[PDB]
Amino acid sequence: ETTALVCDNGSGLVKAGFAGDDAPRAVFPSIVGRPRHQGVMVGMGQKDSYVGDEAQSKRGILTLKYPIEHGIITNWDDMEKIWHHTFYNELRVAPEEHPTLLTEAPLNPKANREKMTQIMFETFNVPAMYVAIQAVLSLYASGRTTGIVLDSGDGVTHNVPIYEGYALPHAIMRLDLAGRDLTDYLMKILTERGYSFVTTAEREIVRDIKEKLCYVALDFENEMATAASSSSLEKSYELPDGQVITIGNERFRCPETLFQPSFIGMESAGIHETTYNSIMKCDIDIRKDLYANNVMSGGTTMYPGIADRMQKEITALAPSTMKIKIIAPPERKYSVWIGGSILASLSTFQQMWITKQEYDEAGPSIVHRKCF
Amino acid sequence: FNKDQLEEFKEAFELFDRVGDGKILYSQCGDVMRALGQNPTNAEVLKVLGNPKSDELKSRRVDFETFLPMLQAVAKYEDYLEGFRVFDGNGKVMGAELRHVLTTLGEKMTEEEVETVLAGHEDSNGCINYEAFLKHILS
Amino acid sequence: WXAXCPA
Amino acid sequence: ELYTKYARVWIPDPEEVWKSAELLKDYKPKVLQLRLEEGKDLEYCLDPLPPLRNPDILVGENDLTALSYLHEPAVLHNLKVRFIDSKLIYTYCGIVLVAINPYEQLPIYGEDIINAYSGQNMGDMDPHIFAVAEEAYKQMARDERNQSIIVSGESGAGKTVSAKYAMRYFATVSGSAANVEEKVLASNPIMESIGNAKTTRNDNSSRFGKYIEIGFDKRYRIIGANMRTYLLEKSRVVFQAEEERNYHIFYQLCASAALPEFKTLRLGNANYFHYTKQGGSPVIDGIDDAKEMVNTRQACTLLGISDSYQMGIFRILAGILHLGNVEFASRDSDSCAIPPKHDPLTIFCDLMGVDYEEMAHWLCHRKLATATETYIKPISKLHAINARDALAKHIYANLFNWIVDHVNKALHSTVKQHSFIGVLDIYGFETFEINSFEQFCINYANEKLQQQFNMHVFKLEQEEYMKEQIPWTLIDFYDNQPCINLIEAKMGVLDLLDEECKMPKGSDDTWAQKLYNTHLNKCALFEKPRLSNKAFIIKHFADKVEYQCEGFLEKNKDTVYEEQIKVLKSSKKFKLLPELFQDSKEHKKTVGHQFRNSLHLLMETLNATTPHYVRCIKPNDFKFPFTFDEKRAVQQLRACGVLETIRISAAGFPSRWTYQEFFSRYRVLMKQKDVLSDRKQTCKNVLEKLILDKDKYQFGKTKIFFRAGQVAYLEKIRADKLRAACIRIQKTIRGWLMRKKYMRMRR
Ligand SMILES: Nc1ncnc2c1ncn2[C@@H]1O[C@H](COP(=O)(O)OP(=O)(O)O)[C@@H](O)[C@H]1O
Ligand SMILES: [Mg+2]
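Chains as they are written, first to last, in the deposited numbering: chain C, 4 to 375; chain B, 4 to 79, 86 to 97, 100 to 150; chain H, 1 to 7; chain A, 5 to 33, 36 to 54, 59 to 187, 190 to 595, 629 to 792.
Honestly, I wouldn't trust all of these hints.
Below, in silico cross-link-like pairs of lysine-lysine (DSS-like), each with a Cα-Cα straight-line distance of 25 Å or less [said to hold, decoys possible]:
1. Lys785/A <-> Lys79/B
2. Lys103/B <-> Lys716/A
3. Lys716/A <-> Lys146/B
4. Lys328/C <-> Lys389/A
5. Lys13/B <-> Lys785/A
6. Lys50/B <-> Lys786/A
7. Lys761/A <-> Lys90/A
8. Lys766/A <-> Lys79/B
Calculated directly from the structure, the hints in this document are not laboratory data.
Input sequences plus hints: build the corresponding full structure.
See the structure below:
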């Protein structure tokens, strides 16, 4: 049989591969670079614009645009280059051969799915397509049918409660703290130690300091006092040129804004109170099963200690007879793709695809009809 | 039947009376009919006798007067030839096959009856001219 | 987005 | 109708499936007066007719299609009479040969008879296994196309004896000197020790299809066989129902634990190990496993597996047993660990030559890797047990495939094989009181084979009809593809099983619910047992079978965590264990999907070929010589498809008579006027009078074809005419003779 593609556009990373594989063939940043200087040599083989691992490699010469921000596609002429690169160069497969499965954050604009569909049928000419809510796939991946899922990538965060495969749409919370806003905060705070980062090609440096050095405090105000009093906490990192920077009590302040969005001036509650408020919107027969199955998902949940901090600060809110368990598997950065990999391989699913014969009759609005 | 016929039949009946009481058995009625020129089957004989049971067939006795209606009922060649041509097609019939069918099918006869009637009618090959044997047995 | 935010 | 007085009829009876009766008074359109063998009238009632009986000339004929009424009691009668009173153990049905196992040696296999069959045509002789072997051996010469003999039945039936004589025939008619017969026969004890099991209902059931390809050179001198095996039932290695066993080799091995060379295997008694205690039936009465062992080792040595490899094999099987005792402790609902210095694992690592800490790590964790990054992830105690049991099934299936390659090395010959004749030995259709995934697989395989058989028979009938110039539209083709599509096709019972293995928290209950949702009213062949939500019924070719859902999923599942293989491949103590794993999705495939593929390889092997079929039936459960239990034999005949074959044949024109032999038989009904010089026209006239509906017969160039029933009708009207003639003649001779006695009394 022709196996279907699974392509988790996410934001910031593209994860793609064939259904039934256990990890993606292709993981590269969803980034489009255009050169900004004047090219001076002649015969160089200059190229208009670079996608993904090229734009990461050459980044000092380029301006880097992310075409997706907060799970909304904001530039279609960029985005279509990224898909084109995914099918033809990175997987090296013509998408006209076999179906494609795509993933989206819940509750985002209705027109985004219509454009995805229109591009998949019109240009790539895919035989069939589907779009799937990311947080549903994280349950298929973690092997559960009852869960509440804190799914938090670059771009977007959301909670979806699912009980025995019935989703509870009235209780879906979405929040716009994400890896990109921890990164932009980490830029504005490193300036206190004098380091400065003003360009996209070095926003991509701060994004990697954040990945290696940062961690989340089990209780904030005592580590804030400790590392203000003892320098023992600070660690150092080599910039690309060989300059050494040093980061101290700062390196836990940026991931901790997930729990206090007040630090960047958002009103809304952190991920713990939105998780709990999402459980409270569910009806009381199921709350005990949601409290047991809290599933972390997506990359922004990778910070060391985010599991134990969640279990602490939800146990501070839940009734003390309940039992609270945070399930944070080590793969979790990929669990949305792994979940889409099993979903697309189920024989029961083969009916579910939006086939081209349906789309040509009903038009792109068919998604709202036949998808979730 | 006229008086002469009735007298001849009664006389024949009395020749078969082996007890002197002027009567025969049910089982002899057929025998008398055959003695009087009839050729009824055992089935036909039992039918005209009223399908008697073994006990009355062997010991119940009837006089000529009771026999007569039965004789009447019983009284009331090309098929015979085709019947013999069944067992042929050179106009002969094996003695073994005729013996087997007469002793094993239909109202089976004894081998001795068949030997008696067949004595002298088959040649050295063991073939019977059945048209001549038939004319002989029908006279 | 289209209103309440930049996307 | 013609249920007349002295029509015989069969009546159903509890003790012997049918009894003869005689219709004591004519039928007329509620209850019949029937004279029985036991008593002159006992009476039988007709429900909102009894099967009529064949005339005495037809019963005992060499070929069951020669019967005019084709149905269970007449078949059962012909096999019973031919077997019991004439001691003919071989009979023909259509193409099939039916071999009734006598449990007794017989003179019929001698070399003079071998000569008597050589060069004959098939119908020229009373049936014998040599007449199938000869038909194959000539067709291989007459045509390029290669040939197969397919042998089907229960394992008790004596399929091995059929294959033995089919090879002896090939050797003798080839005039060949070499020594293949001896070696192929000497392979049987190892193939039976590894591949053969004690089931609830049979001892030494064979749980795989064995294909022996007898190779011939360009001159049809023999060249020596290649052995293949298919359809092995891997799940038996790790699970048994009540009073089953797994493969004999484990019990033979455990019985030998006292022998000096097995000291280091540290074996127990057979109920000490988790992979053998589950059936609760360690001993078969009448077998010494301790002694069957020695015949296995002798068979190995005759095939020249060195003594070093024999101790390698038994080292691996002790490995598998000790592996199964390894008992995980749950750390957490989502993680497990093996406790410290756990003893079964110690002895397993000592046996297999691997570092204890690597096996202890990799059994309890699994490795994900993307090209850039890799994660070691813990697994549940359930998944740890499924992984261990998948590894044991993989070590076993490879060891089996390796032993068969050493057999092939001893049996191959260097000469270039020009063509071959295959002998396929396979199990029949299977049905038990409690009915489970092992049977579901066996019955699927038998559906595929019965489809091939129906293809073949239908094709040869279209050839025979075009030889005789009869329109093809009259032969109807009966097709079981709607049943195979219920199983193997997409959304079939297998596809929804594999789809349930990987959907989260799948269970046999929710599998059953998917079955009902998908098929229950939508399909003619799937039904739900009225009183349960945990079973389903498939109307198979031969019968309805009820399968119980409990525990397919645990049997269905293989995933070998590749890092556990990669630990074992690293072993350096002994040669064999690295040898096993010489050359992925292959590890990911479930047991059912492997079986489905192995069956496709089998069918594409047989489809390359011209089949010839044998069926073996077991006459009695107690091995009494030459006794024939109707109650057993009916079940064996249903399981071999002989009866549904005959039901399909009775729809056609079963009864085929040559014009001259017909004319010979029925001139008795023919007036001497009416016989012409033209035989074909004479019979066309007569029969068109005797049977007014032309739909009952066809006039082939050479033969009359009659539908089922009409030859019995002709025999009845012949007997009635012949009887009426005899009555007329004999009454005339009686009345003559007593008329002469009257003339004597007048004298
Ligand atoms: N190991 C890590 N630790 C902390 N943050 C990470 C890590 N890996 C990725 N991130 C951040 O999270 C985002 C990537 O999350 P991911 O789940 O891959 O996004 P998406 O699924 O939306 O494509 C980026 O902002 C990246 O900076
Ligand atoms: Mg994501």
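Here is how each hint holds up against the structure:
1. Our distance criterion of 25 Å between C-alpha atoms is met by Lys785/A and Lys79/B, whose separation comes to about 22 Å.
2. Using a Cα cut-off of 25 Å, the hinted pair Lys103/B and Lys716/A holds, with the two alpha carbons roughly 17 Å apart.
3. Simply put, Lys716/A and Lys146/B have alpha-carbon atoms about 22 Å apart, close enough for the 25 Å limit, and the pair holds.
4. Only pairs whose Cα atoms come within 25 Å are accepted, and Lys328/C paired with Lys389/A is accepted, the gap being roughly 18 Å.
5. For the hint linking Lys13/B to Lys785/A, the alpha-carbon distance of about 18 Å falls within 25 Å, and the restraint holds.
6. At most 25 Å may separate the alpha-carbon atoms for a hinted pair to count; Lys50/B and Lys786/A meet this at roughly 23 Å.
7. With a C-alpha separation of about 24 Å, the suggested pair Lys761/A and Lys90/A falls inside the 25 Å cut-off, and the hint holds.
8. With a CA separation close to 23 Å, the supplied pair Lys766/A and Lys79/B stays within the 25 Å bound.
Of the numbered hints given earlier, the model fails none.
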